[PDB]
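Enquirer: Listed below, chain by chain, are the residues.
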Amino acid sequence: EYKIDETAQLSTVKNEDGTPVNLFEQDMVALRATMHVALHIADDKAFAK
Amino acid sequence: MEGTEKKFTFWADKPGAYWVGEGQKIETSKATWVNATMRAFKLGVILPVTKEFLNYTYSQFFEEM
Amino acid sequence: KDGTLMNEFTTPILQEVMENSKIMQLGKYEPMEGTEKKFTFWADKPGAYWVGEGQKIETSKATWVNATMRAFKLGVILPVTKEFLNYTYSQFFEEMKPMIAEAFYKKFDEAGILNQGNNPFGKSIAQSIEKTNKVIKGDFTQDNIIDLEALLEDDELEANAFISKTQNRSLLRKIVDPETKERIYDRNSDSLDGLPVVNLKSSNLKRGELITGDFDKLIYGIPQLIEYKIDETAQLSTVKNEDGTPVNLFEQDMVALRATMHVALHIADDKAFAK
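Protein chains in written order, with the authors' numbering: chain B, 261 to 309; chain B', 66 to 130; chain D, 35 to 309. A prime marks a further copy of an entry chain.
Hints should not be assumed to be uniformly reliable.
[Stated by the list, open to error] Some chain B' residues near chain D, calculated using beta-carbon distances under 10 Å:
1. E70
2. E87
3. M103
4. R104
5. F106
6. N120
[What the hints assert, rightly or not] Some chain D residues flagged as far from chain B (calculated, every beta-carbon gap over 12 Å):
7. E42
8. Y123
9. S124
10. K165
11. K215
12. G242
13. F249
14. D250
15. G255
16. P280
Honestly, the hints are just simulated from the structure, not real lab data. Backbone N, C-alpha and C define an ideal beta-carbon position, used for all residues, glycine too.
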């Protein structure tokens, strides 16, 4: 179950101004990841003379 | 059940174009009050009842009445 | 609200007549979207030792229509409080689905034959009859009915049975034929000429019978869907007045079943004259 805040207009039937619909249309996503830094990394970058 | 009980339900027709689901259902109830009572025997059967106790033929007539 | 209990609901001997009329029409159904027509009419030359005129006409016609059953609002709002208290309302909802399905077939027939709705729009039996102008003015006579039936068979394909609108059938039964035979009299089944006539209730149509044979009728499937989240508000009363439908589960389930119908133009119908 997912709710939309943008409320985009649809081609079929009359367009709705109000946010979120009862019928399923948008897919929910749940993923969490945290990264730790070692404070030591090599890097290379190009610079104009 | 005592008296009378009747129930009626009506459904509403839905729109052609798909946009919103229409509901609203009609309901009706019917009930009747007061029942008629049977009339009791009076002086007419009372004259025959005295003959029923004495005569055997009049006793069978009381049951048929 | 929900004070006195009635414990009664209306069922059968009403929806069965509407379902029988739709089945009596007979039409081919297809699962694939769209349609196709066949090539007809080609020019031929009569002149000797010459090629002459040579042209063949090709025809192609696609048909697609989407239908959806409307959900209740006014009656459904009262039913929501009764459903939690009584178990009979849940059983009544299953019977209401059958009535809504019968109304779905009735709305498709009324849009074409009676021109009440805009379901079919282009392919309508009443619209085709108005364009061709085959309808007879005034009251239909016993001798006039036989002449109208013979005129349709000469120009187009012959129809099996004419459509009845309840009130029109009663007026036809009173009239008697010129020969020694009863006209429009039903001993066991009602028939106009041979085949059994179908009775259908219509708001627009009141007087006059229309005869049609060839008619296309296609359906996607069965009208059944689960109810979730409130949508489309019209009338609601329980504790506080609301303009837009929100909160809780849906009061009435909205059913979706697509239906499409194509007309070949065969109906003539009859209309009463006014002075």
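Enquirer: Now, for every hint given, state plainly whether the structure supports it.
Expert: Results of checking the hints against the structure:
1. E70: Holds, about 7 Å.
2. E87: holds, 4 Å
3. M103: Violated. Min distance 29 Å.
4. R104: Check failed: Cβ of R104/B' comes no nearer than 33 Å to chain D, outside 10 Å.
5. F106: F106/B' check fails; min Cβ-Cβ to chain D is 39 Å, beyond 10 Å.
6. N120: Result: violated, 55 Å to nearest chain D Cβ.
7. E42: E42/D clear of chain B: closest Cβ-Cβ about 32 Å, beyond 12 Å.
8. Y123: holds, 22 Å
9. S124: It holds; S124/D is separated from chain B by about 21 Å at its closest Cβ, greater than 12 Å.
10. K165: The claim stands: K165/D keeps its Cβ more than 12 Å from every Cβ of chain B (closest is about 30 Å).
11. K215: holds, 55 Å
12. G242: holds, 36 Å
13. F249: holds, 28 Å
14. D250: Since the minimum Cβ distance to chain B is about 24 Å, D250/D lies beyond 12 Å and the statement holds.
15. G255: Holds: least Cβ distance 18 Å, greater than 12 Å.
16. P280: For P280/D, whose nearest Cβ neighbour in chain B is about 10 Å away, the distance does not exceed 12 Å, so it is violated.
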